[PDB]
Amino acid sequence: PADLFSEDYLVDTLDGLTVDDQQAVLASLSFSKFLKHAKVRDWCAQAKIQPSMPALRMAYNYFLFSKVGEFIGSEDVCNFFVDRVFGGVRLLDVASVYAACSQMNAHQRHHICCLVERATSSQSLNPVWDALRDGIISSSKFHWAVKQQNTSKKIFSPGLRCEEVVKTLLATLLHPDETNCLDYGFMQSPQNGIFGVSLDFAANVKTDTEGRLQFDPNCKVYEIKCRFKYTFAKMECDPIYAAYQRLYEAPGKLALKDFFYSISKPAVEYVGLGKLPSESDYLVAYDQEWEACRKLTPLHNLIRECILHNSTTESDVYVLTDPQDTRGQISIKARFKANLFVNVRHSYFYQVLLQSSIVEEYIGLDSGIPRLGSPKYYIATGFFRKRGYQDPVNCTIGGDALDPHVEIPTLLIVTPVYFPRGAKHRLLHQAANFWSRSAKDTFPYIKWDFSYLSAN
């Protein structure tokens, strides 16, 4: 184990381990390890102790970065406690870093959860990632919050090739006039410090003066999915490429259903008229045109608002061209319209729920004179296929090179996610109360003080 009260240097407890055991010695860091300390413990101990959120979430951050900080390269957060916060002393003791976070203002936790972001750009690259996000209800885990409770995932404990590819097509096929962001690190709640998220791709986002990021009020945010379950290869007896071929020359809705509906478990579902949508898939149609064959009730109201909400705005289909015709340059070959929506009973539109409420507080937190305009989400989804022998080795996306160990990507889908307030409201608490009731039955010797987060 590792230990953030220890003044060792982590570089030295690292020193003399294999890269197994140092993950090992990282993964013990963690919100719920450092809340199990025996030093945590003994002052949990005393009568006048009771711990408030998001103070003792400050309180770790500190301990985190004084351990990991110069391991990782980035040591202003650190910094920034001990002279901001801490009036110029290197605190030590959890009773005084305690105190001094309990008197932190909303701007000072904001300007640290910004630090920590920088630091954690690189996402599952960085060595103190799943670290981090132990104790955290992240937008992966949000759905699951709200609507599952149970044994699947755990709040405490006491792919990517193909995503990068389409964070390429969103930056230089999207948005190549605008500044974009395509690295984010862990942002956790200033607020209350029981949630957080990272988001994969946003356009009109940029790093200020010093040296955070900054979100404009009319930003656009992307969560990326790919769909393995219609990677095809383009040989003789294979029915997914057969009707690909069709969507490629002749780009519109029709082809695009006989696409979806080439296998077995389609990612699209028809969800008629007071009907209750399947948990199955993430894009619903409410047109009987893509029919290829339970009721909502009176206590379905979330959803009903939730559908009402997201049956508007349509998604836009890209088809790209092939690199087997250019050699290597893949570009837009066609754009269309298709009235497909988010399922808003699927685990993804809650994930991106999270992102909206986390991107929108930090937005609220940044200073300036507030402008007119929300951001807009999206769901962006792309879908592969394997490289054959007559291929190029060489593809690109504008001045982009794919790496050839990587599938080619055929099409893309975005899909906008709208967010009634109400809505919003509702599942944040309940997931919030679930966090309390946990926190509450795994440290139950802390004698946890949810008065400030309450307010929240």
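Residue numbers count along the first chain shown, from 1. Between two forms, the rigid core is defined as the largest C-alpha subset superposing within 1.5 Å. First, how it differs from the form deposited in another entry.
- The comparison between these two forms, aligned on the rigid core, picks out a single residue among 238, 223, 269, 316 whose CA moves by 2 Å or more, and that residue is 238.
- For residue 14, the Cα coordinates differ by 2 angstroms or more between these two forms after the core has been superposed.
- Annotation for residue 386: C-alpha shift of 2 angstroms or more between these two forms, rigid core superposed.
- In a rigid-core overlay of the protein, residue 23 has its C-alpha displaced by at least 2 Å between these two forms.
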Second form
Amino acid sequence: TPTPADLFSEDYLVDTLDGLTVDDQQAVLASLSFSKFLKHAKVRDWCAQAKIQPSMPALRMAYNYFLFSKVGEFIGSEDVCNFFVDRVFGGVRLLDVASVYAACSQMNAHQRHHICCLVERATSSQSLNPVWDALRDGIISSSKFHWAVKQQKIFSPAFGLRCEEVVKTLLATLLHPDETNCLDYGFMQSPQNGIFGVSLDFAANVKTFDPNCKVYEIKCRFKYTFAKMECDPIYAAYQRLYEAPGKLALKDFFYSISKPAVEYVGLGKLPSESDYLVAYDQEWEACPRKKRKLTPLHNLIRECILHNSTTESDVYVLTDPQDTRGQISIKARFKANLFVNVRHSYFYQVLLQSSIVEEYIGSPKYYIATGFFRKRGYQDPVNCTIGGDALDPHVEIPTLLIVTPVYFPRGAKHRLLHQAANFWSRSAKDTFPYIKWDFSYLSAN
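Right, the form deposited in one PDB entry is done, so what does the form deposited in another entry look like?
There are no partners or other molecules in what follows, just the one chain.
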């Protein structure tokens, strides 16, 4: 930030990021982003010409070359650049943007695919990776997708992570202990357009990308934290759920707070965006409440609901470690007619991820895994264990684990992808006018 790096210079990054911490480094790398790339003088001059009309994903691929040329040595992977020179550049170390772009525009789909894989593997460190901040810039990531679809930036000038790891430990140790899984995924760019990008949290049963595996998106709920106090309605509802695991006691639990994770959606009614779980069966209704109707202007919603109202969630009540001397395991497992809210952000995020996993394969099963946590109490064991693994004494305690399947109608998946891609284009044009963008091939890819 005080020492912004140049993507077009032989200066050594390492020379500038030895001292800094793992967090000031990312700030230094945050200046090697796509946005900063586009606004570079070398790139402006090149674009200023009357012939040059840059398209995607060619321009993203060019960017990848320069980025990994700059940070190759730092992250300890020179494979990306080695492939660019070996297979794309005819064996020449291209240094000018005009020539790098030309060579990039002559890549086939198999070659873009190969780069994006190499990039995913080189960033499988995730947050621990300082390039993460440079890479995710200018791209529609899973967390920007929903926003991008509603046209509601893209280019720019933790405790929660500890809880996700807990949910991950749960899935790896308790659900899929007898299978080979993958706990670490890097940043995954779209090889076909270079405007979308994601990373996966966890995958079970992967071959030694696997189209037959199970991909989990890991989330966390905290609104259902409770102190172990007699008077506490949440705690009380929890005790009933803990002793009598089932839909009825689950309902009471969910509704023990003002703003529940589950919403009852009646016939011809429009689901709100309040939370990520819906129920269509009236058995989940509590008190009659007005609800906007599903008008003919909601065929998207209706199509998505159509394909997400059959396969039920799996609810896992976890053993309280206070009663089990530390060990946290599955006390009870039951199914529930609760489904993913297709209008909630979580639906979109897993939608993008499923789309991108497709490109890296050319179907796997997709689930949202959500852990419900509570703050530790004075009598909670400090050193808890989950199967073999241990639990961080500083992280909250998981009480519930709900796994919910997600399905994506091809027709809805497409319109949403294309809507976001258009917002990206309009933003690209507005943010970088000096660039005579060529989106002809984009509107069709």
